[PDB]
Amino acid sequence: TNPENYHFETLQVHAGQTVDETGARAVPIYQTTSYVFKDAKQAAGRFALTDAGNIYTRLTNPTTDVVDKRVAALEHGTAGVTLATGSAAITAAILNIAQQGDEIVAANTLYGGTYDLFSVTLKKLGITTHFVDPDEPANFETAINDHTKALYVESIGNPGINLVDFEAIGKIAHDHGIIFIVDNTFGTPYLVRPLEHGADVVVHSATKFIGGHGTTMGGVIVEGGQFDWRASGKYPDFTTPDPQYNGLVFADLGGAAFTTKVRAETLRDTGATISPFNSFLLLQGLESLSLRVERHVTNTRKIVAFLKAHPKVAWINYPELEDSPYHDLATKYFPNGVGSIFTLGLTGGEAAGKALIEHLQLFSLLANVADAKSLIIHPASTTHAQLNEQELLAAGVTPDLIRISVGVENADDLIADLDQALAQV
């Protein structure tokens, strides 16, 4: 994990970065695809996974490697692996422990994407996921069984902005001998470390917060390295020596089991590999993640207060709020804030929200979150237009719903902009 016990701010700046022979203080962009092997042994050794080193950029990259380590350090885990996007980090994570005919138990509150994947695409492939209501931790136990291999939820609903009892669902899963995978995109390691509250694997859509400016895509998978793969016995690929990899037992890697299996199977075969550039820009984003998340909260705090007190605001979801049905969860798991993404409904309903959008100057109309620039959009008509009233209202998406992602601009300017706009709907 973290060697000389460094604090978050130090880890987000140094984690997994070494200095090569050139003395280059910044991580070089290893925009290469292959690596020269010392001799014919090392070649066979690297491809056999028995000799530590670079192999192929689809599999390995000195730049991307620093991201794996660094994110893991922040997430306080044991090993990380990066991928083309968040969607791919999810697809890989799932496929690593779910075969055909098997199933997984995932929360009702999910990003339009994560959802339409679990339900339409990966099922089509014979892996259906049973959607439970995250508000009642026990609600998962009811759909669990023998074909179930992992309990999946999002650290903060998208757009349900609903918290969940991490520790509860973690045991409910371990009691049945399966792992807890938490999609921490919305919370980030600075706000919450699912791996330290009952989670085994944490996925991220670095595209959003880790990246920081809406310029780069990428996903990350971090493992806690705290789940006996043999014990539970429910994960064969992990137990049964791999013929294709020289009878290697993934469970023998320990803290690196889950991640070295994605890299050697899913990643190598499906190839949703990140480009060294993207990884570079992620390293820059991480070098300031905390600082930006800190402002993302204090800004959202101020913007939420002003919005709650405005007559023209019907309702406002935001766990930290003293009267949100999740306030208690917030205080227990999110001591530093609940993010900067929130939903709200206006008093003039649907036509009013879109109207507000059409008047704001500092809020951009687009599909994204966690940009340094503030954003707003109406989920139902976009990011979740892949779900019918059936799932739509099941994930909290109502015709009057409007979503906001608070940037790092000046709170006064954002409030002023919001004011002038509402003063016209």
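Between two forms, the rigid core is the largest collection of C-alphas that superpose within 1.5 Å. Residue numbers count along the first chain shown, from 1. What changes on going to the form deposited in another entry:
- Aligning the rigid core between these two forms and inspecting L393, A26, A372, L365, the C-alpha positions shift by 2 Å or more at one residue, which is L393.
- With a cut-off of 2 Å and the rigid core superposed, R70 has a Cα displacement that falls short of the cut-off between these two forms.
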The other form holds:
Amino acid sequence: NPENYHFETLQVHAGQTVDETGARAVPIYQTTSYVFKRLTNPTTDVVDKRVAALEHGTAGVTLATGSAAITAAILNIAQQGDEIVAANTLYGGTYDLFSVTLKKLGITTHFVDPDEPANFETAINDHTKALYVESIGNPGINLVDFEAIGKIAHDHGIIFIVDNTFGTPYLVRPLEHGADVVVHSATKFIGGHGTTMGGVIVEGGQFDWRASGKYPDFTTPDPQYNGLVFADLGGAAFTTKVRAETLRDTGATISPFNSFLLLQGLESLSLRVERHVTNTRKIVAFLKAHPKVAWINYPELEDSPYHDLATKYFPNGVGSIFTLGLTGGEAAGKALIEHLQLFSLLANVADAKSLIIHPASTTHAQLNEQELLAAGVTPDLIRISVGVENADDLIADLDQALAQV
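Having looked at the form deposited in one PDB entry, could you now put up the form deposited in another entry?
Shown next is a single chain and nothing more.
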């Protein structure tokens, strides 16, 4: 950011240049190949650089989905015999990736209670290659002490990876709080409209591969690449290795059309996030005062166990996804869904449309109470993802539905 632009200017402009035609919008390079006079796609290139700029990182790379970005970030530093230490409050898709697919390939993940950063240090051994957390947990809506976990990682010479999907770089930039790599499911807030899948890896460029000694593939001349040393790429070491290795081999590439649509959502990102957050604050204030609401999980509430972490790390708010339970338990939460007119029942989050789900009667309908709890779910649990509709319309819809339960 040589120009010292603010967030809103970067989300509209960063990474974008004007080609020979003068086209003011980024052209969609729906091409597979380039005539020899490029390894990367000129549309996706803008996404790489823009998301990196917004996270105050040094370089980025974009993939088909959040899952593919997380997969590539782990495979970039971990192989058979290596280990990861991860928060045990992970999104279900990431937990399945860690506990099934990657485990089958010789990578062991230890899951720890992230409420105490020392739980990470306990699980580190000579095989650990990264610590892994999410900025805002799902479905616990729990926060973590980025700086304390990053210090533990760095004292042991290993990198700290944060999935910032729920936060977006507008609410928190984990690279400035101890993380070395940030990943996103751009499918959520970055795209903004429930249309387009994508994933992004951003590196921060402040991790000394050579001082660490635990990443020899970064410090050793790779004859596959004419003796290139990835650590000599500085702030592009991690993402160039992804590009040159895991992405080259396994091909979870994003379509240029999808990149185009992510660029459009990036140009309005903070405007939408601000309204997501203000809508959520109003909705949470209404629900917390409602006599039929038994509990709410939103870390910005003064009595939340995560309130101090919210004050420290989330000065613009803690996003627009939260959970709650009604005094009528599982039956009331089921009945609430049925009477809502504006909230859509589905399993996704971070649409411009408000969404709601009662996992115990839908996505987790096969599980008993103990199995539900193992997945961080209770029979009364309801998750809400607040959209950018008019907040008074959303509150009236919740108000009338609560009157039915």
